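Enquirer: From just these sequences and the hints, can you work out the full model?
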Amino acid sequence: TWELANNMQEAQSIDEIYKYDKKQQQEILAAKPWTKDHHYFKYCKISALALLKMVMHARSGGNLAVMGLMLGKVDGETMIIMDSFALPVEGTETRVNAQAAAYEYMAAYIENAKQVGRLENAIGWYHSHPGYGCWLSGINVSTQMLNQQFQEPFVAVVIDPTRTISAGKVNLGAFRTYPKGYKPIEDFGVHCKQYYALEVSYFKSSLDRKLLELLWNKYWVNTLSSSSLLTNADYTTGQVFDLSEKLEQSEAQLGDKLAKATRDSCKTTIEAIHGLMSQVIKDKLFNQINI
Amino acid sequence: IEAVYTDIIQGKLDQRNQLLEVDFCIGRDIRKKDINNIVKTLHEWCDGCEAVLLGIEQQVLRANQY
Amino acid sequence: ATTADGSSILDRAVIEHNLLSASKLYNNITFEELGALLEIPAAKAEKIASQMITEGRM
Amino acid sequence: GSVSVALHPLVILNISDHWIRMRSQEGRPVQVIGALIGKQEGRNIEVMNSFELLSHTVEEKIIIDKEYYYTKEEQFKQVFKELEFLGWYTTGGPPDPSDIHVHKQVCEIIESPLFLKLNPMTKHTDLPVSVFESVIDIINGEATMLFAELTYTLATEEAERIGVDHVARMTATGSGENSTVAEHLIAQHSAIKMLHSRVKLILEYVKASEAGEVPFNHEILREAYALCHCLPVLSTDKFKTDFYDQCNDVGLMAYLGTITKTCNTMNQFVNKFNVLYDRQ
Amino acid sequence: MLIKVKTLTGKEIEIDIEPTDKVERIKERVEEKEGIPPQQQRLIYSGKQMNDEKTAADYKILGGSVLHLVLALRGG
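Protein chains in written order, with UniProt numbering: chain A, 12 to 195, 211 to 281, 298 to 333; chain B, 133 to 198; chain C, 291 to 348; chain D, 37 to 316; chain E, 1 to 76.
It is worth saying that the hints were derived from the structure and are not from the lab.
Keep in mind that a hint or two might mislead.
Below, computed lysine-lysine pairings styled on DSS-like, alpha-carbon distance capped at 25 Å [what the hints assert, rightly or not]:
no., chain 1, residue 1, chain 2, residue 2
1, D, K236, B, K164
2, A, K302, D, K308
3, A, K56, A, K326
4, A, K125, E, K4
5, B, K165, D, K236
6, B, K172, D, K243
7, D, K113, E, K4
8, E, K48, D, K102
9, A, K33, A, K43
10, D, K108, E, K54
Expert: Structure follows, in structure tokens:
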């Protein structure tokens with residue numbers, strides 16, 4: 012009653028994305044929609060479990076560099092990833108070569124997962140960059156060339172362990188690449219024309235959501251003493267600046299983007315009012331007792 | 133200054149406003165007749181918390197309905 | 291040995307330490323009160339305070 | 037007391053993912069069996085990761101096969117070096133005798149295995165997981181394996197908190213029609229309820245001391261008085277002015293953002309109007 | 001003579017090999033059918049990489065066990 016909806020067994024589309032429609036996957040693979048246009052999938056959604064597994068692998072690597080695979084599927088315009096799987100590769104923090112150990116490891120792990128009951132396939136790979144941002148190098152560009160031109164459904168992931176640890180936010184970067192021939211900012215590197223970037227999103231199930239909320243529930247002091255909107259001021263100002271640029275672009279276009303601008307403005311306003319609401323609730327609870 | 137050094141209260145002085153601000157002071161002795169008053173204050177706090185809870189529920193319910 | 295200012299080495303480091311410690315237990319202090327507890331009559335307390343700043347000490 | 041258990045916020049996610057995978061695959065939720073791996077440091081046991089173990093069914097009983105575990109044990113040794121067998125987990129409620137039977141061959145494989153219980157059908161504030169240690173009875177006859185409940189901690193490395201906050205900020209609230217209010221106003225409601233429970237416990241102790249059930253401990257009451265005197269926090273004018281400035285700023289930020297949603301609806305209305313009642 | 005090759009992405013290849021054929025020869029044919037580069041194929045047979053020097057001599061198999069091919073994938 013207090014939570015109203017609660018959950019005994021009911022779910023929604025959030026829990027629906029975890030399945031394997033064999034006929035649907037077969038027909039999208041056979042139709043091959045992305046082989047006809049270069050500007051295909053721009054949305055990549057990766058589950059939480061894969062994220063933490065990648066982060067732990069990168070941290071266990073230390074100052075050196077690690078490298079592993081990933082598992083998932085593709086659905087329409089979007090890409091779904093929900094598994095991480097590390098590899099036993101070694102090398103200097105500036106270069107790593109996959110020896111025969113990884114070649115015998117990926118196949119063995121795939122067979123073990125198939126025996127377990129897993130049904131997904133290889134979708135890409137993740138490589139850790141210890142310090143030098145998140146950008147594909149020349150050898151990475153060539154490897155992504157060959158991988159996306161031989162194994163069309165693919166995507167690369169680059170993270171920065173050191174900067175993630177120091178700053179406090181993750182450095183997940185999902186990249187697809189433009190094939191050879193199609194020709195039509212120093213941070214991204216020197217091959218900025220050959221490779222581009224993609225947006226990142228996350229999901230979690232109903233059971234995962236309940237477990238995460240109940241585990242994070244042992245954070246009450248920080249929960250009611252955080253006083254947000256005083257820590258994310260720079261983020262909100264940057265969001266408003268990007269809102270202004272998007273609004274200008276939409277106004278120029280009118281002479298759609300307006301829907302995207304409206305959604306972004308709604309998100310920022312919702313965050314601001316949520317911060318104000320938490321502040322008001324704290325003031326009501328603490329400052330209105332004993333006169 | 134010497135009282136702060138003894139660490140019985142924690143705070144800072146301000147000569148411009150002629151004020152002393154205390155962030156935390158140790159509780160003094162309690163006789164066995166004032167305890168009831170203590171109860172009262174705690175009771176009040178509890179009531180306030182309960183009130184907030186009620187409001188929370190109402191608000192979220194309305195939101196969902198909308 | 292003195293620092294050619296009439297004050298020895300000991301009662302200049304101790305004065306700077308007193309000034310630094312007073313910065314944690316005060317919000318704003320007048321020059322007269324700062325010199326009252328530092329033995330400076332009125333004048334060189336301000337000079338010492340200004341010297342202790344612009345170097346990151348206080 | 038036995039061993040100190042160090043649980044990590046990674047095994048639980050593995051169990052939940054496995055459970056949802058099986059529930060979606062088979063439609064009717066079933067029981068899942070896995071493993072737990074980690075480190076043994078003297079009298080301390082810590083869990084790092086967890087991989088599923090294949091389990092066969094014979095008649096009505098469940099049997100853990102040894103060959104698959106033997107093949108998979110050396111496979112993950114390449115990536116994780118100082119990682120060793122600790123125990124296994126399963127989904128369920130109370131410890132049934134089938135748990136004892138399945139734990140028999142686990143004790144055969146490893147002398148003293150741990151046990152993890154995850155209950156997806158929980159309706160209590162306590163942690164759904166539970167850690168059990170195996171004890172061999174001395175009474176003659178059917179020597180049942182006794183489960184001794186221990187305490188589980190929440191030891192985490194540096195990157196756990198940031199990751200859980202990053203994933204929990206969004207939770208796909210805008211796609212499932214769950215309403216962002218039903219997330220924000222509810223997440224802190226539990227914390228407020230916990231604070232209410234703690235204050236209620238303190239008040240109950242103070243009342244009991246007043247009545248005479250508990251001895252007159254003339255040390256806790258002083259702290260209770262000090263806590264009582266610190267309730268009206270920051271009732272100065274500067275705080276009120278700052279709070280009012282914050283409220284006005286957030287109100288203006290909401291005005292700029294309502295004024296654009298209204299404009300977008302305005303644009304969609306004129307676009308639909310220029311086709312129905314006016315040609316071209 | 002009717003061997004099957006399954007990759008980790010889903011591509012299925014059916015190839016015909018004389019039992020006494022060389023390993024370079026089978027790579028050359030599978031590159032002809034699909035388009036693999038001549039020197040960048042890793043071939044896995046029953047969880048064991050096929051040695052290039054060791055020519056195939058005894059294929060005591062009619063289906064079932066399948067060699068999975070994988071590309072060299074490396075970064076820096």
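Enquirer: Provide an ascending list of the numbers of those earlier hints which the structure does not satisfy.
Expert: 3, 7 and 10
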